[PDB]
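A protein chain is absent from this complex, but the other protein chains hold their places.
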Amino acid sequence: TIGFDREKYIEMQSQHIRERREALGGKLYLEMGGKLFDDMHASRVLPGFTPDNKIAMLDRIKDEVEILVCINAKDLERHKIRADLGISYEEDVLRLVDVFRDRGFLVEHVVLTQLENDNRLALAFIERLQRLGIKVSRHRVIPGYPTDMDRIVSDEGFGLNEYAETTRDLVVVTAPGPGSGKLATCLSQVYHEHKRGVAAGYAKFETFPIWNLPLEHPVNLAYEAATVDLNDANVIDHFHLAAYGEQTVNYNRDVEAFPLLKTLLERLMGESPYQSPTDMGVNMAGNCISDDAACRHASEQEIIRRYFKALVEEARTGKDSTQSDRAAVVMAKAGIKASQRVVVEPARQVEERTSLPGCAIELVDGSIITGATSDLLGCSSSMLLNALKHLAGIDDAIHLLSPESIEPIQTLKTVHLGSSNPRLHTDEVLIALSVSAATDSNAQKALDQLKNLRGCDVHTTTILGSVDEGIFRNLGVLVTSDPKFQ
Amino acid sequence: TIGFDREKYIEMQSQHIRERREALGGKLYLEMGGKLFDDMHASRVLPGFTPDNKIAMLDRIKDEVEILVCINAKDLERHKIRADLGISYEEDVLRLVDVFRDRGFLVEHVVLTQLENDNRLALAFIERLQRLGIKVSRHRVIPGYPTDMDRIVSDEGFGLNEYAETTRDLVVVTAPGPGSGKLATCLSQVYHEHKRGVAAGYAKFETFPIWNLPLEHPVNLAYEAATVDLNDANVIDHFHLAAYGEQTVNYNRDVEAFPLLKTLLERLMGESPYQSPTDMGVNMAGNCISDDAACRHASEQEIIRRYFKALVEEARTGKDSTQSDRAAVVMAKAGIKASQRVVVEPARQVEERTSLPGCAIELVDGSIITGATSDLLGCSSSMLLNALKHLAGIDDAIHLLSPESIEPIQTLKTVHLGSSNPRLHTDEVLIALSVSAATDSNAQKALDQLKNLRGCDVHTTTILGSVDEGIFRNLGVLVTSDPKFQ
Amino acid sequence: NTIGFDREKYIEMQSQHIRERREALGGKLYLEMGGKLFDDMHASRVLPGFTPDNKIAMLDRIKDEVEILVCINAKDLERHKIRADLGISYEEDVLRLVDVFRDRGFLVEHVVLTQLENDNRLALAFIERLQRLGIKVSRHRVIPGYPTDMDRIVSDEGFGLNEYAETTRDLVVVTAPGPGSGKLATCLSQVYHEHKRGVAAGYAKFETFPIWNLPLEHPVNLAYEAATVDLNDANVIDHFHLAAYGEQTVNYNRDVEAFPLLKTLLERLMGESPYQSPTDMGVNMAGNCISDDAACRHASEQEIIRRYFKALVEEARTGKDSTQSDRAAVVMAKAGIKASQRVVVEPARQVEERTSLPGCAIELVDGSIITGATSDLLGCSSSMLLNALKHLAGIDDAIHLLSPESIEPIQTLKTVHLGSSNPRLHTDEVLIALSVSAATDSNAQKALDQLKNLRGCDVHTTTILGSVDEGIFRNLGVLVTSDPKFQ
Partner (left out) sequence: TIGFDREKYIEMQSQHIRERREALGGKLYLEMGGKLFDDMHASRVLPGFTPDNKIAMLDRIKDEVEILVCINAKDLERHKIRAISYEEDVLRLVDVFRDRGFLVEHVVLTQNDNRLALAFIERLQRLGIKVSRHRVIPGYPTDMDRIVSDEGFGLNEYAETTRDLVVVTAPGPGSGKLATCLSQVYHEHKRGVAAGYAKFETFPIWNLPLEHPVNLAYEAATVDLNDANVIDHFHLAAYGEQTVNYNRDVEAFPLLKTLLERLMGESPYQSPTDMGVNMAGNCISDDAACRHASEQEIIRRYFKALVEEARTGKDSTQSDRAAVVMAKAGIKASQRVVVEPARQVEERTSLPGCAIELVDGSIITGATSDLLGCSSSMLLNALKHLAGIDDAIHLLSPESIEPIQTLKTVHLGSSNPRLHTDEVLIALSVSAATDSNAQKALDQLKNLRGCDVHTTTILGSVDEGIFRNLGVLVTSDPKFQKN
């Protein structure tokens, strides 16, 4: 079931953004915190929110939007790798430039922040961006930032930065990751705009946490589960509560950094338009939840997944249990147990009764199908075949794997590869199923059902090898594992 | 000036703790967070709270109290030191026993926590404790702490720990500092006492932050200025707000650790007596403010002092400005500027017009007295003599330093100690003053006033050496400094 | 597969020389046997003719004169210290050592628990598990002044608190799951307990590398330095041996620095010092059994190159600085070699330069260089394998051996069902497709028969291989190097 109104969000969020820039005098510099194109978390947590949803929102107001990309000069020189896509910050900029241009957005400004020694790596980067039509501004390390208010709002502070001559009244400031100077750029650009007589302002866009959902709401709790540091931990926005008497949710980093930002905005704009970091924000995501219970369920399931993710990561690295302990605190605050992920206990029951690794899946149906380790099959392979048989309406005692589709694999494994265990992994079972599908109707009926395993939850009692992890990712199944090896 | 009722505090706090044990069955383990004996911060921040005020509170209920002292075993084999006193954690345990026994408190238990039997330095400390007639209980590392509730509340958890055979019904649990396992000791004791049929409970005692003072109160802000960690930053207690609808102050570390703590108390006691970390506490200090203005002023001044201490500390070590920036945020939340410390600008004016280090003091009187660098005197030495002259009513033109006292020190430094800078530091000026006082009456009257420099504020435009900082420490003078060397 | 080490001479010589050492030390010897015992793969690649189990096969000549003793640090039990080479604990490694030695009929009846104290109860749980398995277990304690205080150790307060192991055979080989199990300290204790009993006993060490009678700059010794992560096991000239005898020998930092302090410890337990150097202390004959120096030199020079690339890749995977690869590049210089001299390197990136896609190359046992390029159907490693198997089997290069009856169901699975726009086949699924093709076609069967002849062959790839392909090359016994680059 779906609990987020995608279309309302596109209309409401983009309109709120437009309303904010009118209130700030006609031009807006908007800091985007987080992922713009691939927010899989938000898609699992707010069912109906597409991974691309923030981009589809901007798409509605595309003709009023400019994209500006920030990048730290140290991140160009350290060759800082972004963990998600596995590329350098340098390459991630160019990838952001053309992907926005693919979908028709105006991108003509890259700001190079924290520029120290000018360098040769950076010189080679400026001209590479000049050939692609984009003008690149040089921004400096501002003396006495963020405390020396007199120095900052002066030509000895923000005046050191080259002003990016933006064309449209709504500038969307984004970056490969944190530490890129987005806020600093936004505030610098506002300063220069005020020197030009152009009334301008700053605001922030972030999907999580949701200011107008309770701190104890599963959606907000699931965000805490998706985060590493205490800096990201949700708190009551005490600035908002002192000013208005209304309870809202922000987080440690932005609450800690607000008082210096408020002073900074006061000097840049006469008085501050914001009493709280809640006011500073622009997020309409909470107003577009169309089924609260569905989102509660979805994000409670996200929390449990995060706990097992952390345990498996800790087991692989040999790290202490910092991350899994934090996720357990979140579980306690949500009032949920790990048993509430319905594939956990049946998978363990299989391992109990067999003394061998176990496995369970929950179909779209709702049915729990398990898998067990045998001579022929590993438990995940066994789980796959059993699930495929169930939603193909195939009888439980029907074999759908030819002997001559099995023999060539096991012969290779034992005679040529020297494997003492002839158990088939998830990849080799699927191959043997696909070979069986040449002559068997049952096997073909089974194969056609692989596409229906998307979004389904799986628990295993042991940590999966690289092969099984691969296949389950390709089919789009969400896997958790008990943190044990084989 | 006095803004805190010491006597009311001793009555109210002792009574509230008594109420807490009666409400919890009749036996209480009370964790004492913070300095117990020389809480200088509290004395500056709450004029009327004495450095020993917590002990004077326990003195009211001396015959009902036992002291239990915790020490982490892993702190011994790192030779962890208490930076305040310049002694090891190991020597501080022996100190805490001695000073408590001198005041007539019953102290007979030391709990050594996190003990692994390959720690030869920790077991050497055990026999060192046993020969002085101290009972030593051994506490171990609990696997699955703090998440695995079944493991913790069992024989494989708290049942691993030895039991402190406590005589009195109110057990005050203290340590040389954080990480000593006070809380775990309290909870282990409750487990072992419930097994023996005795009703036992846990509560916490901390002076700061003050739960019933607003988050934006200078007293609570001063505490934030005294901290070096995000973990200690003040947050609204959201558990308390959700449960009762009343706004109270707590902080990150306890708020994050509360959900697992609450569950732990339920398993230990049957049901939880506490819906919040606020409920868990016992602090009554914020009901004992007799003058709000005096406390506000005192703690505003403290915020500025902390800001200058961080700036200096970063200059000595070469660290970045994280801590001083954090104090500036607190200055912003209090709505105060560094200039509100009255000794800052006069000291700076002395430097601005001499091109040499300057120095200023505020006497109890309110008078601002400065000192300048000369051929004979460093600026702090010069400031002292000027201040002593002012307090004693000695005319400005009078030289209270005979050339028979000055000459031997100069001849020692240049001829024998080979320094090229012959000007005197504060210690050698005070020696010269004391030598002069044997024959001169004015010098003796000046010496008499050193007494009255206690608690006065000082600013210098240059960082002091160890000697000068030592002398000001002895005289109880509160020194700040601009982050520059000579 | 060219032989440069005389393994029959070694089994004769080393056994005779070890036997000659105990007779010169009285009649009893406690021999410290460090390093890899059954699986010395490094020594098999560096000294061609040396079998991985050559140290054990040496003892199998004299097995009726040999008793094995297994040491274990008792503080590695509570710590749960694991041997990284296999994947089990130091506890279960002791049992794994006992039955693998009893397999070859060695008399094993003694286990020594060093660093034992009464406070450890998992340690005492292991004592009773071992007594039931049939072995006598002796208890060894901690010594407060060890090793720097000579006075406590000798008399009672040190070795007097250790339990004596009543060994039947006159040569006792002292073994442990890994470094730091008190194997040296056990050896010295048992000599003391037998000199108190009347029997003249002694201590010696069995190390295979570094080889003492080859020069410091010899590629064999250099290969061992290339194999070292720590800098404490760096090869040095034994200056003690140079000062005492005038002959230049090779030892290493750890034993050389331990020697002053250990020489005083020998005198107090035996009377005089039988050793004037760590070289004297040793017993290694492997240097005297090189039949072809040029073969050993070449084989070890190739090993150095392998270590360089495997460091580069390890740094590329874990995101670390170039510490150990720069170190491995220095020993490359000392040998006077470069990465080009691994003959499969330039051919592989010639493929990459002319195609702009990942490249790959193998050297066969016959000596030929067989390359592999990335096509639409195949990965470059999969391509290289099919090409190499064709050359080995005498099959014409124009012959397709992969039947589309075997190709299609994999391809159809990957694209329609798995949703991958990468229709390329890795080495595993190619070997599967070759196995299915072996039914209808006899050409695929003839290719599958020569996977056997790939053990020992060198491969270079221009890209860092995945887990699956590297698993397949390990299983085939193929020695792979890679350039530190991704696709």
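Which chain is which? They are A, B and C, in the order written, and residues in each are numbered from 1.
Here is the rule we use: contacts are C-beta pairs under 8 Å (C-beta built on N, C-alpha and C of every residue); 3 or more make two chains touch, one makes a residue touch a chain.
Trainee: Considering all chains of the complex, which shown ones does the missing chain contact?
Mentor: Looking at the entire complex, the absent chain's contacts are A, B, C.
Trainee: Which residue, B:279, B:428 or B:457, contacts the hidden chain when the whole complex is considered?
Mentor: Only one of B:279, B:428 or B:457 touches the chain omitted from view, namely B:428.
Trainee: Check the options B:1, B:339 or B:474 and report the residue that touches the missing chain.
Mentor: Of the candidates B:1, B:339 or B:474, B:474 is in touch with the missing chain.
Trainee: In the complete complex, the non-displayed chain touches which residues of subunit A?
Mentor: For subunit A, the residues touching the absent chain are 116-120, 123.
Trainee: If you put the missing chain back, which residues of subunit B would it touch?
Mentor: Subunit B touches the chain not shown through residues 78-81, 85-87, 91, 404-405, 407-409, 411-412, 416-419, 427-428, 430-431, 434-435, 437-438, 447, 450-451, 466-467, 471, 474-475.
Trainee: State which residues belonging to subunit C touch the missing partner chain.
Mentor: 148, 215-217, 231, 236-237, 239, 242, 248, 253, 257, 260-261, 329-330, 333-334, 336, 338
Methods note: only the chains that are shown with their structure count from here on.
Trainee: Does B-C or A-C have more contacting C-beta pairs?
Mentor: A-C
Trainee: Between subunit B and subunit C, what distance separates the C-alpha centroids? Give it in angstrom.
Mentor: Here subunit B and subunit C have centroids separated by 57 Å.
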